[PDB]
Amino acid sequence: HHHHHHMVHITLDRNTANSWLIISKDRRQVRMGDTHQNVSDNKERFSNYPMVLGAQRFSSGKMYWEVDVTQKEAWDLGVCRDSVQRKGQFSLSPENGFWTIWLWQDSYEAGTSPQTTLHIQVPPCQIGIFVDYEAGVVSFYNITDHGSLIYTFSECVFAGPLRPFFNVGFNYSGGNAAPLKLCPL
(Lines of atoms letter the chains of each structure in order from A and count residues from 1; the text may use other names and numbers.)
(Lines give C-alpha, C1' and ligand atoms only; values in the text may rest on other atoms or scores of the structure.)
Protein backbone atom coordinates (compact mmCIF):
# COMPACT_ATOMS: atom_id res chain seq x y z
CA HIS A 1 0.00 0.00 0.00
CA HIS A 2 0.92 3.75 -0.32
CA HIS A 3 -1.19 5.04 2.71
CA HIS A 4 1.87 5.85 4.96
CA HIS A 5 1.79 9.61 3.91
CA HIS A 6 -1.67 9.99 5.66
CA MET A 7 0.05 9.12 9.00
CA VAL A 8 -1.59 10.79 12.06
CA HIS A 9 -0.18 11.01 15.65
CA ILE A 10 -2.69 9.14 17.85
CA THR A 11 -2.76 9.46 21.67
CA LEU A 12 -4.95 7.57 24.13
CA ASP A 13 -7.77 9.25 26.09
CA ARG A 14 -7.34 8.22 29.81
CA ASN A 15 -10.94 9.27 30.62
CA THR A 16 -12.39 6.56 28.28
CA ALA A 17 -10.16 3.76 29.63
CA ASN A 18 -11.42 0.75 31.59
CA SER A 19 -10.35 1.38 35.21
CA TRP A 20 -7.78 -1.54 35.11
CA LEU A 21 -5.78 -0.07 32.20
CA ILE A 22 -2.35 1.57 32.63
CA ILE A 23 -1.56 4.20 29.98
CA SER A 24 2.03 5.43 29.63
CA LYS A 25 3.04 9.07 30.37
CA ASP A 26 3.32 9.77 26.59
CA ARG A 27 -0.27 8.37 26.06
CA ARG A 28 1.13 6.04 23.33
CA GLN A 29 1.09 2.65 25.19
CA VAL A 30 -1.58 0.77 27.17
CA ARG A 31 -1.58 -2.51 29.09
CA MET A 32 -3.87 -4.47 31.46
CA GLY A 33 -3.06 -3.93 35.14
CA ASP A 34 -3.40 -6.79 37.68
CA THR A 35 -5.93 -4.61 39.73
CA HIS A 36 -8.16 -1.42 39.66
CA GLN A 37 -5.86 1.56 38.88
CA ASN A 38 -7.37 3.91 41.55
CA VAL A 39 -9.32 6.26 39.22
CA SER A 40 -12.91 7.59 39.69
CA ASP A 41 -15.73 6.07 37.54
CA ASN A 42 -17.35 8.19 34.81
CA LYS A 43 -19.93 7.68 32.04
CA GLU A 44 -17.18 7.49 29.31
CA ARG A 45 -15.26 4.46 30.74
CA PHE A 46 -15.69 1.07 29.09
CA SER A 47 -16.96 -1.07 32.06
CA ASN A 48 -17.02 -4.71 30.83
CA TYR A 49 -13.86 -5.01 28.67
CA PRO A 50 -10.25 -3.67 28.68
CA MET A 51 -11.03 -0.99 26.04
CA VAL A 52 -9.88 2.61 25.49
CA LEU A 53 -10.33 5.25 22.74
CA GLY A 54 -7.89 7.55 21.00
CA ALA A 55 -8.33 11.27 21.81
CA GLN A 56 -8.50 12.23 18.12
CA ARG A 57 -11.89 12.56 16.37
CA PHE A 58 -12.13 12.23 12.57
CA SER A 59 -15.10 13.48 10.45
CA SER A 60 -13.35 13.83 7.01
CA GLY A 61 -10.19 12.88 5.09
CA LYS A 62 -7.75 9.99 5.01
CA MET A 63 -5.95 8.83 8.21
CA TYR A 64 -3.34 6.09 8.83
CA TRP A 65 -1.69 4.79 12.02
CA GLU A 66 0.19 1.67 13.23
CA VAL A 67 -0.12 -0.44 16.37
CA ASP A 68 2.41 -2.92 17.85
CA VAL A 69 0.79 -6.20 19.06
CA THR A 70 4.04 -8.19 19.73
CA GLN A 71 3.54 -11.33 21.89
CA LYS A 72 -0.15 -10.70 22.66
CA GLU A 73 -2.62 -13.62 22.63
CA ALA A 74 -5.79 -11.48 22.34
CA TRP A 75 -6.71 -7.90 21.26
CA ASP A 76 -9.20 -5.88 19.19
CA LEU A 77 -8.16 -2.89 16.95
CA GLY A 78 -9.88 -0.47 14.61
CA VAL A 79 -12.19 2.58 14.78
CA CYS A 80 -15.58 3.29 16.25
CA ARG A 81 -18.24 5.98 16.43
CA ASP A 82 -17.71 8.56 19.18
CA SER A 83 -21.19 7.57 20.56
CA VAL A 84 -20.67 3.77 20.98
CA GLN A 85 -22.11 2.16 24.12
CA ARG A 86 -19.59 2.17 27.05
CA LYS A 87 -21.49 0.16 29.75
CA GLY A 88 -22.59 -3.48 29.78
CA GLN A 89 -22.27 -6.25 27.20
CA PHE A 90 -22.14 -5.64 23.43
CA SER A 91 -20.67 -7.21 20.25
CA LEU A 92 -18.17 -5.44 18.00
CA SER A 93 -20.11 -4.91 14.73
CA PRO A 94 -20.78 -2.10 12.27
CA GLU A 95 -24.45 -2.14 13.48
CA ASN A 96 -23.10 -1.16 16.96
CA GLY A 97 -20.66 1.47 15.55
CA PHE A 98 -17.38 -0.58 15.35
CA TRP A 99 -15.03 -1.38 12.41
CA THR A 100 -12.50 -3.78 13.97
CA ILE A 101 -10.38 -6.93 13.61
CA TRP A 102 -9.16 -9.15 16.44
CA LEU A 103 -6.95 -12.02 17.54
CA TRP A 104 -8.54 -14.66 19.79
CA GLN A 105 -7.49 -18.31 20.44
CA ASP A 106 -4.90 -18.43 17.67
CA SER A 107 -7.32 -17.13 14.92
CA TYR A 108 -7.80 -13.67 13.39
CA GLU A 109 -11.35 -12.46 12.57
CA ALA A 110 -13.02 -9.28 11.25
CA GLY A 111 -15.79 -7.81 13.43
CA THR A 112 -18.66 -8.24 10.97
CA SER A 113 -21.99 -9.78 12.12
CA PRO A 114 -21.46 -12.62 12.06
CA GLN A 115 -17.61 -12.46 12.27
CA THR A 116 -15.44 -13.21 9.22
CA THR A 117 -12.38 -15.52 9.20
CA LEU A 118 -9.12 -13.77 8.19
CA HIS A 119 -6.34 -15.58 6.25
CA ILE A 120 -2.95 -14.53 7.73
CA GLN A 121 0.14 -16.67 6.90
CA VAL A 122 2.62 -14.37 8.80
CA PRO A 123 1.32 -13.53 12.35
CA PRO A 124 1.59 -9.73 12.54
CA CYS A 125 3.73 -7.91 15.12
CA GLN A 126 2.45 -4.47 13.83
CA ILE A 127 -0.97 -3.65 12.22
CA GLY A 128 -1.61 -0.61 9.96
CA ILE A 129 -5.10 0.97 10.03
CA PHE A 130 -6.30 3.18 7.15
CA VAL A 131 -9.58 5.17 7.24
CA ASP A 132 -11.04 7.00 4.18
CA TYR A 133 -13.98 8.92 5.68
CA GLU A 134 -15.48 10.12 2.38
CA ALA A 135 -15.15 6.74 0.63
CA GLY A 136 -16.55 4.80 3.66
CA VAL A 137 -13.47 2.48 3.91
CA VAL A 138 -11.54 0.98 6.85
CA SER A 139 -8.55 -1.21 5.85
CA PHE A 140 -6.07 -3.24 7.88
CA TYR A 141 -2.49 -4.10 6.78
CA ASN A 142 0.12 -6.62 8.01
CA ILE A 143 3.28 -4.46 8.51
CA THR A 144 5.35 -7.62 9.41
CA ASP A 145 4.48 -9.07 5.90
CA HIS A 146 5.50 -6.04 3.72
CA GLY A 147 2.14 -4.28 4.26
CA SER A 148 -0.07 -7.09 2.86
CA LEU A 149 -3.85 -6.50 3.07
CA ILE A 150 -5.64 -8.17 5.97
CA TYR A 151 -9.22 -6.88 5.55
CA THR A 152 -11.27 -4.01 4.00
CA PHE A 153 -14.64 -2.83 5.33
CA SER A 154 -16.29 -0.97 2.44
CA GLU A 155 -19.68 0.78 2.14
CA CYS A 156 -19.19 1.83 5.78
CA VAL A 157 -21.99 3.95 7.27
CA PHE A 158 -19.94 5.83 9.97
CA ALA A 159 -22.93 8.01 10.97
CA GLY A 160 -20.78 10.21 13.24
CA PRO A 161 -17.26 11.26 14.17
CA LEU A 162 -14.79 8.34 14.41
CA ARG A 163 -12.26 7.57 17.16
CA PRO A 164 -9.34 5.10 17.17
CA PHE A 165 -10.42 1.99 19.15
CA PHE A 166 -8.28 -0.45 21.24
CA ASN A 167 -8.86 -3.55 23.38
CA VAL A 168 -5.75 -4.97 25.15
CA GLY A 169 -7.75 -8.14 26.06
CA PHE A 170 -8.03 -10.01 29.35
CA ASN A 171 -5.05 -11.82 30.84
CA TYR A 172 -6.65 -14.93 32.39
CA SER A 173 -3.84 -17.12 30.83
CA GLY A 174 -0.86 -15.07 32.12
CA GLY A 175 0.31 -14.95 28.48
CA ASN A 176 -1.44 -11.68 27.42
CA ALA A 177 0.18 -9.00 29.68
CA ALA A 178 2.07 -7.25 26.83
CA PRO A 179 0.95 -3.73 25.85
CA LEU A 180 -0.55 -2.25 22.69
CA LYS A 181 1.85 0.48 21.50
CA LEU A 182 1.28 3.25 18.94
CA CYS A 183 4.32 3.05 16.61
CA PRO A 184 6.30 6.12 15.57
CA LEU A 185 5.88 7.78 12.14
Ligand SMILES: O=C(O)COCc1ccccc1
Second form
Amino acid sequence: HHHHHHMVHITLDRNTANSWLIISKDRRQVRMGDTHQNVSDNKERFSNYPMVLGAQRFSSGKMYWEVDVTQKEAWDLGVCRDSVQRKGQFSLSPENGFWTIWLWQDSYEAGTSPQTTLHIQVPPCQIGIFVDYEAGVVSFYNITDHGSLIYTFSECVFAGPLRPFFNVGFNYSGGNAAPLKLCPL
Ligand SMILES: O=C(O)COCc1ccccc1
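Compare with the form deposited without this ligand: the form deposited with this ligand bound:
Full assembly next; the chain just shown is listed first.
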Protein backbone atom coordinates (compact mmCIF):
# COMPACT_ATOMS: atom_id res chain seq x y z
CA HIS A 1 0.00 0.00 0.00
CA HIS A 2 0.88 3.74 -0.33
CA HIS A 3 -1.20 5.11 2.70
CA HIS A 4 1.93 5.93 4.84
CA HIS A 5 1.75 9.73 3.99
CA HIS A 6 -1.64 9.91 5.91
CA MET A 7 0.27 8.95 9.12
CA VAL A 8 -1.27 10.49 12.29
CA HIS A 9 0.34 10.59 15.78
CA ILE A 10 -2.04 8.66 18.05
CA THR A 11 -1.96 8.90 21.86
CA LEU A 12 -4.01 6.94 24.38
CA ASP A 13 -6.78 8.56 26.50
CA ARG A 14 -6.15 7.47 30.17
CA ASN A 15 -9.74 8.49 31.10
CA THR A 16 -11.30 5.79 28.80
CA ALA A 17 -8.96 2.96 30.00
CA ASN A 18 -10.19 -0.04 31.97
CA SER A 19 -8.94 0.42 35.57
CA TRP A 20 -6.39 -2.48 35.25
CA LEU A 21 -4.54 -0.87 32.33
CA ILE A 22 -1.11 0.80 32.63
CA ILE A 23 -0.43 3.50 30.01
CA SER A 24 3.14 4.70 29.56
CA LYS A 25 4.16 8.34 30.32
CA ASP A 26 4.30 9.15 26.55
CA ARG A 27 0.71 7.73 26.15
CA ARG A 28 2.02 5.47 23.30
CA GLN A 29 2.01 2.03 25.09
CA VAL A 30 -0.59 0.11 27.12
CA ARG A 31 -0.51 -3.21 28.99
CA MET A 32 -2.86 -4.93 31.45
CA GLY A 33 -1.60 -4.86 35.06
CA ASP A 34 -1.84 -7.74 37.53
CA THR A 35 -4.31 -5.71 39.74
CA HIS A 36 -6.53 -2.55 39.82
CA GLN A 37 -4.30 0.48 39.02
CA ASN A 38 -5.73 2.73 41.82
CA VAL A 39 -7.74 5.14 39.57
CA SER A 40 -11.25 6.54 40.27
CA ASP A 41 -14.20 5.16 38.26
CA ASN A 42 -15.83 7.34 35.55
CA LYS A 43 -18.52 6.88 32.90
CA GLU A 44 -15.88 6.77 30.02
CA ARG A 45 -13.98 3.65 31.33
CA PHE A 46 -14.55 0.28 29.63
CA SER A 47 -15.69 -1.83 32.63
CA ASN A 48 -15.75 -5.48 31.38
CA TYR A 49 -12.67 -5.71 29.07
CA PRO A 50 -9.07 -4.39 28.98
CA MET A 51 -9.96 -1.69 26.40
CA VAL A 52 -8.87 1.94 25.84
CA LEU A 53 -9.44 4.61 23.16
CA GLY A 54 -7.07 6.97 21.41
CA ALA A 55 -7.53 10.66 22.30
CA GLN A 56 -7.85 11.72 18.63
CA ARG A 57 -11.36 12.06 17.05
CA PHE A 58 -11.77 11.79 13.26
CA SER A 59 -14.86 13.09 11.35
CA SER A 60 -13.26 13.54 7.85
CA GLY A 61 -10.19 12.66 5.77
CA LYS A 62 -7.73 9.80 5.50
CA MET A 63 -5.76 8.59 8.56
CA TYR A 64 -3.10 5.85 9.01
CA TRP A 65 -1.31 4.51 12.06
CA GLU A 66 0.65 1.36 13.11
CA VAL A 67 0.51 -0.82 16.21
CA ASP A 68 3.14 -3.28 17.54
CA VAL A 69 1.55 -6.62 18.70
CA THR A 70 4.87 -8.53 19.24
CA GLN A 71 4.58 -11.67 21.48
CA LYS A 72 0.85 -11.23 22.27
CA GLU A 73 -1.57 -14.17 22.28
CA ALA A 74 -4.81 -12.10 22.15
CA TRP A 75 -5.79 -8.50 21.20
CA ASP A 76 -8.42 -6.46 19.31
CA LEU A 77 -7.52 -3.42 17.13
CA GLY A 78 -9.33 -0.94 14.94
CA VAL A 79 -11.63 2.10 15.24
CA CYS A 80 -14.97 2.73 16.88
CA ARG A 81 -17.64 5.41 17.22
CA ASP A 82 -17.04 7.89 20.04
CA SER A 83 -20.50 6.87 21.39
CA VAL A 84 -19.87 3.10 21.81
CA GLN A 85 -21.21 1.45 25.00
CA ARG A 86 -18.54 1.42 27.80
CA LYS A 87 -20.30 -0.65 30.55
CA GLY A 88 -21.33 -4.33 30.60
CA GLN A 89 -21.04 -7.05 27.95
CA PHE A 90 -21.12 -6.40 24.18
CA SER A 91 -19.83 -7.88 20.88
CA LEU A 92 -17.42 -6.05 18.54
CA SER A 93 -19.49 -5.47 15.35
CA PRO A 94 -20.29 -2.60 13.00
CA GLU A 95 -23.91 -2.69 14.36
CA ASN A 96 -22.42 -1.80 17.81
CA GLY A 97 -20.06 0.89 16.33
CA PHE A 98 -16.79 -1.10 15.96
CA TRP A 99 -14.56 -1.83 12.91
CA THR A 100 -11.94 -4.26 14.28
CA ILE A 101 -9.82 -7.38 13.77
CA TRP A 102 -8.42 -9.66 16.45
CA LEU A 103 -6.12 -12.52 17.40
CA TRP A 104 -7.59 -15.24 19.61
CA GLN A 105 -6.47 -18.88 20.14
CA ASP A 106 -3.95 -18.85 17.28
CA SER A 107 -6.53 -17.55 14.67
CA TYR A 108 -7.16 -14.06 13.26
CA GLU A 109 -10.75 -12.86 12.59
CA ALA A 110 -12.53 -9.67 11.45
CA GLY A 111 -15.22 -8.31 13.83
CA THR A 112 -18.17 -8.71 11.44
CA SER A 113 -21.45 -10.30 12.69
CA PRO A 114 -20.87 -13.16 12.53
CA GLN A 115 -17.02 -12.98 12.59
CA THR A 116 -14.99 -13.57 9.39
CA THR A 117 -11.92 -15.86 9.16
CA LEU A 118 -8.74 -14.00 8.06
CA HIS A 119 -6.02 -15.69 5.93
CA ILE A 120 -2.58 -14.70 7.29
CA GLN A 121 0.51 -16.78 6.28
CA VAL A 122 3.02 -14.52 8.19
CA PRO A 123 1.87 -13.79 11.79
CA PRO A 124 2.12 -9.98 12.07
CA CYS A 125 4.38 -8.20 14.59
CA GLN A 126 2.97 -4.75 13.51
CA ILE A 127 -0.50 -3.92 12.07
CA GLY A 128 -1.27 -0.85 9.90
CA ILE A 129 -4.78 0.69 10.15
CA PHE A 130 -6.15 2.97 7.38
CA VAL A 131 -9.43 4.94 7.65
CA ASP A 132 -11.04 6.83 4.74
CA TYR A 133 -13.93 8.67 6.41
CA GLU A 134 -15.61 9.95 3.19
CA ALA A 135 -15.25 6.59 1.38
CA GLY A 136 -16.56 4.55 4.37
CA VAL A 137 -13.44 2.29 4.46
CA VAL A 138 -11.35 0.73 7.24
CA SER A 139 -8.37 -1.40 6.07
CA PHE A 140 -5.79 -3.48 7.96
CA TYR A 141 -2.27 -4.24 6.68
CA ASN A 142 0.42 -6.78 7.72
CA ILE A 143 3.58 -4.59 8.13
CA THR A 144 5.73 -7.75 8.82
CA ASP A 145 4.69 -9.13 5.34
CA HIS A 146 5.63 -6.04 3.22
CA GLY A 147 2.27 -4.32 3.94
CA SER A 148 0.01 -7.10 2.54
CA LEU A 149 -3.78 -6.53 2.93
CA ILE A 150 -5.41 -8.33 5.87
CA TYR A 151 -9.02 -7.07 5.65
CA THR A 152 -11.18 -4.21 4.24
CA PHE A 153 -14.49 -3.08 5.77
CA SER A 154 -16.30 -1.16 3.05
CA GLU A 155 -19.72 0.55 2.93
CA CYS A 156 -19.05 1.49 6.58
CA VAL A 157 -21.78 3.57 8.26
CA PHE A 158 -19.59 5.45 10.84
CA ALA A 159 -22.58 7.57 12.00
CA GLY A 160 -20.35 9.84 14.18
CA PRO A 161 -16.82 10.78 15.10
CA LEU A 162 -14.33 7.85 15.18
CA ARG A 163 -11.68 7.01 17.79
CA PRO A 164 -8.70 4.59 17.58
CA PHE A 165 -9.69 1.41 19.51
CA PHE A 166 -7.43 -1.05 21.47
CA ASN A 167 -7.93 -4.20 23.54
CA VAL A 168 -4.73 -5.66 25.15
CA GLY A 169 -6.71 -8.83 26.10
CA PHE A 170 -6.74 -10.80 29.36
CA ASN A 171 -3.66 -12.63 30.63
CA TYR A 172 -5.23 -15.81 32.11
CA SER A 173 -2.44 -17.90 30.41
CA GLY A 174 0.62 -15.90 31.65
CA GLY A 175 1.59 -15.61 27.95
CA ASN A 176 -0.25 -12.35 27.09
CA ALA A 177 1.40 -9.70 29.35
CA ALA A 178 3.16 -7.82 26.50
CA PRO A 179 1.95 -4.29 25.62
CA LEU A 180 0.31 -2.81 22.53
CA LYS A 181 2.64 -0.02 21.31
CA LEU A 182 1.96 2.83 18.88
CA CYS A 183 4.93 2.68 16.42
CA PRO A 184 6.86 5.80 15.35
CA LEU A 185 6.15 7.52 11.99
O1 LIG B 1 -9.60 -11.81 35.63
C2 LIG B 1 -8.80 -10.83 35.62
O3 LIG B 1 -7.59 -10.85 35.23
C4 LIG B 1 -9.31 -9.51 36.17
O5 LIG B 1 -10.63 -9.58 36.67
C6 LIG B 1 -11.13 -8.28 36.97
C7 LIG B 1 -11.38 -7.52 35.68
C8 LIG B 1 -10.44 -6.63 35.19
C9 LIG B 1 -10.68 -5.94 34.01
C10 LIG B 1 -11.85 -6.14 33.31
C11 LIG B 1 -12.78 -7.04 33.79
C12 LIG B 1 -12.54 -7.73 34.97
